[PDB]
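Consider the single chain below, provided in structure tokens and representing the form deposited in one PDB entry.
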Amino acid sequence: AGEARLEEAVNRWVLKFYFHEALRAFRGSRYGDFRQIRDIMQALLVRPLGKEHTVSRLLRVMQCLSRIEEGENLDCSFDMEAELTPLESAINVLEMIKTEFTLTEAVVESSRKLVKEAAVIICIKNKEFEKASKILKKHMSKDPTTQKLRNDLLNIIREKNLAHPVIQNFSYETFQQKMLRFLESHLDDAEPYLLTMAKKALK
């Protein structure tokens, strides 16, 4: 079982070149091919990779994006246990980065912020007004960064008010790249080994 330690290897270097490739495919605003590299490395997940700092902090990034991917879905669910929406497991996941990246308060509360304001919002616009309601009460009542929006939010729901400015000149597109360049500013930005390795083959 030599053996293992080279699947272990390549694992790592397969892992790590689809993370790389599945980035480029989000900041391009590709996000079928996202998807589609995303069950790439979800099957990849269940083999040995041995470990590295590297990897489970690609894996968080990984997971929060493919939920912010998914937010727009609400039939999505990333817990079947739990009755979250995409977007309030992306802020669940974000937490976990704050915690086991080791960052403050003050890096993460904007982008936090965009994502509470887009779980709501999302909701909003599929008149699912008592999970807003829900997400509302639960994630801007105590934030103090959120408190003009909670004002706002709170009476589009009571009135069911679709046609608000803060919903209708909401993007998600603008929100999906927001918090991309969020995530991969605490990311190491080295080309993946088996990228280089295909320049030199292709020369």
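Here the rigid core means the biggest group of C-alpha atoms that line up within 1.5 Å when the two forms are laid on top of each other. Positions refer to the first chain, counted from 1. First, how it differs from the form deposited in another entry.
Following superposition on the rigid core between the two forms, the residue from 35, 47, 158, 27 with a C-alpha displacement of 2 angstroms or more is 158, and no other. After superposing the rigid core, the Cα of residue 174 is displaced by less than 2 Å between the two forms.
Comparing the forms between the two forms, the C-alpha position of residue 82 differs by 2 angstroms or more, with the core used for superposition.
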Given for the second form:
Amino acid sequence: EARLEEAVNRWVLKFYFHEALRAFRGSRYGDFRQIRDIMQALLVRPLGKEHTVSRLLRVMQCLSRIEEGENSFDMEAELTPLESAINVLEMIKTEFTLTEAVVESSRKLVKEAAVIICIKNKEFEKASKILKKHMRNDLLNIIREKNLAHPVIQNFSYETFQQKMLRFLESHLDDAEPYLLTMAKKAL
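In place of the form deposited in one PDB entry, the structure of the form deposited in another entry is requested.
Only one chain is given; partner chains and other molecules are left out.
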């Protein structure tokens, strides 16, 4: 019945959450995107309403922004993915009940990546707005660098950045294996 479907929906969501984290960790972003679309479709169905599915959903949301943050005028999004990731991080802190101290480093990381990635994609205009808006020795360099100079520290790695954010997010998640994976292994 309804309760049965809801129970399975929760199982399914948690399994895919697990597999998406695995794909992201192994840098299989294509698989992460596909698995995330499945979870996106399942969210319309009734789930364990109150369940901690919400924490799981914020994480997926944060990872989605980061995964696309490296990429015409979009009438549907004023913010660049990473600027949006900043908002999500504030929601994770508030929802996971994290102290400002445990989140501070990640924040600054997302903020720096937000400006730098825009510079690398050659959009100093947006890099400027973001730089001015968010976030002092680095600021100067970036501003000066905003004068169109890439060979200056603008040589960071988005991969290294993504993986570091994933570890931050994982450090606040349970380590439990999804019931479906458990059954899959037992089915041999």
